[PDB]
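What follows is one chain in structure tokens, specifically the form deposited in one PDB entry.
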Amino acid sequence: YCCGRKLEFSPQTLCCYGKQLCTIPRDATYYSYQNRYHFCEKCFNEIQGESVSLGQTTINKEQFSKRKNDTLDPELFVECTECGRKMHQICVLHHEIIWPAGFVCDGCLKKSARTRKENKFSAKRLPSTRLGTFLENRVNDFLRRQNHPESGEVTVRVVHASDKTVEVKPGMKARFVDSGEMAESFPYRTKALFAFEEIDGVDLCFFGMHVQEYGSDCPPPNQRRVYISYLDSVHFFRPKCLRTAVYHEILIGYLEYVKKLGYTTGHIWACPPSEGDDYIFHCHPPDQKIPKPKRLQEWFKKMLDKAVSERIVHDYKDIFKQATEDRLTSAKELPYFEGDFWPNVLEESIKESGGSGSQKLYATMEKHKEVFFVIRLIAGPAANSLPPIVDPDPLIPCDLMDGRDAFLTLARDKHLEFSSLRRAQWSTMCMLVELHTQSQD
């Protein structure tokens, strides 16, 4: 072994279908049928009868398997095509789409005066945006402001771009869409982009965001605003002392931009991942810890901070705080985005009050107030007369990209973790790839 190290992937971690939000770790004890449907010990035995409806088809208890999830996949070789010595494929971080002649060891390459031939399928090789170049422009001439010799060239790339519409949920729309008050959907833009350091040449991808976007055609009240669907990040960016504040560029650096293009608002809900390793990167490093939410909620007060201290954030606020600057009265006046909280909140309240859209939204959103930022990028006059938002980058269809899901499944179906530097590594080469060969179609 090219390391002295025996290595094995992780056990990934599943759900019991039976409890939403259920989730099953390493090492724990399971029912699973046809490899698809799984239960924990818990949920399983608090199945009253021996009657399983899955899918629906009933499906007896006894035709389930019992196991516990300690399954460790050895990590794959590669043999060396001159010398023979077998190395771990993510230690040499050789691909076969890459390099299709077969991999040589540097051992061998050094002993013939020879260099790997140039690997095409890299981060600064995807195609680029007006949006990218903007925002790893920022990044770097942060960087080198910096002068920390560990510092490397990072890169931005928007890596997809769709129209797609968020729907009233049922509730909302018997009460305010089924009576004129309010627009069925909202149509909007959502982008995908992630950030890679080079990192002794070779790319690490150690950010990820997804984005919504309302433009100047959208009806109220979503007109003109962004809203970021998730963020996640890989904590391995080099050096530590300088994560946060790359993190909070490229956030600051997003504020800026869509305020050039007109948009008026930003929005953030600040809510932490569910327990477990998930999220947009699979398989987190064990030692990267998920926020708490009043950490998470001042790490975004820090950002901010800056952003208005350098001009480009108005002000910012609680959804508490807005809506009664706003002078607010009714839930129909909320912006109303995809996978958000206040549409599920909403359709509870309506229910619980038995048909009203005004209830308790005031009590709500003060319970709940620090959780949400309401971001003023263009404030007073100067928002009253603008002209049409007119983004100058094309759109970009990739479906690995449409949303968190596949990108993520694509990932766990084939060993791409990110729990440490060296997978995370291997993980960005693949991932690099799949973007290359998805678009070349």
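Only the largest set of C-alpha atoms that superpose within 1.5 Å between the two forms is called the rigid core. Positions refer to the first chain, counted from 1. First, how it differs from the form deposited in another entry.
Considering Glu46, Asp399, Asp413, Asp70, one residue stands apart with a C-alpha shift of at least 2 Å between the two forms following superposition on the core, and it is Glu46. After superposition on the rigid core, the Cα of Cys22 moves by 2 Å or more between the two forms.
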Second form
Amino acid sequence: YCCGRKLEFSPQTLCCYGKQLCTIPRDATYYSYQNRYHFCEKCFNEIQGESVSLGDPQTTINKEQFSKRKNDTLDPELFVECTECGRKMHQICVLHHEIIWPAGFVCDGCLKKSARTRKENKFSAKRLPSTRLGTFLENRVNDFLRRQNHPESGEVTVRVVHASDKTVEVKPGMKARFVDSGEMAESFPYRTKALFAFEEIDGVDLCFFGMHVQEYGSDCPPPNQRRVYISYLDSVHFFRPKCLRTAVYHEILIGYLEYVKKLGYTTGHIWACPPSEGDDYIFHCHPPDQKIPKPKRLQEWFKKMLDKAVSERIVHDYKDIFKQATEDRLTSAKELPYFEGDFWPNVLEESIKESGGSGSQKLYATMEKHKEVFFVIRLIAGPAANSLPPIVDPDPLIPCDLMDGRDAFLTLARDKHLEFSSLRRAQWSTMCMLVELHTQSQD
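Condition change, the form deposited in one PDB entry to the form deposited in another entry:
The next block holds one chain only.
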């Protein structure tokens, strides 16, 4: 071997299908049917008798048709063979990708000896199509890095890899309360964008940061107009050097707020919510020693980022949702911004049901309960906010199914055994992710 290391992939967490958002973690017992429908033991034993309705229509399958197993299968890492010396090498170690170098793998010893070099990887992060937004962000990050003069830092590339039109539909409880009486729009149009930051470490790209956002333009009816909502943020903690990692995250996030403020978006919204254990927002299979922040520390992290943005004159100010509503003299749930997949649409469904039909009953109490978790970020304030021209985004749409939401990228990593759990594995996953973004765009 190369490293002389016996390497195998770790078992990944699956879903249990018999409960919304349930999972089966490493080294857990589970029941599976056709390697497709998996059940945690609890979700299995809570099924009535021996009849499970399956599908994705209904197919009643008996319970004795399942296999009982433990989630502990260890797939060995793959090797590749040098087409000349026949040396066997971990594919991840040498980062050989059949699509980048179709003519076969040639080890570095055979390359140095013959004074040869690998043909250039034209499937790099750098060569992903650029945008006004991505350029604005990466200029900000690289200018910051060069101001720091740290010998270990590498060039950072920021790329927007998806942009498409969407709408968020008001859920049935709030629909029956406010939409059917005509007090609230039934849906809100927005544009979603996915963007990623890469760092060149030793001429090798590493994806270390990802973001999905929802941008509601000047055409959106209230209460959603001229607002951006950050759907998901994620990172892989291998940015080099470690002591600039947080500042780089801040530069990206503050730069994005600066950018949308320039286009005319008045307000930013952040739900400071950690993932639960074993759940990946964007990047599949995080490093074990990269810890999920607990809520209070995630909140303070966002507070520090926003405070720097305020002192930079980018953010005017920010408040929690409870304080924001009080100053806005809010009286009804219909006045709250209604975002896709956000907490408040879900809690308002439950609030209306438990109150027997009111849409204002526990509103302020619920906002006070959770206020520390919801940031309302004022970008454009006072009289300037009233006379704004239409929002015209210079960047075009970018159709890319792999990056339409977070799910397709998690599925690709699952299907191709990609992990972001170590530097070597995250570099390999970055290479495969880059190849996929380049080939999908070719179509």
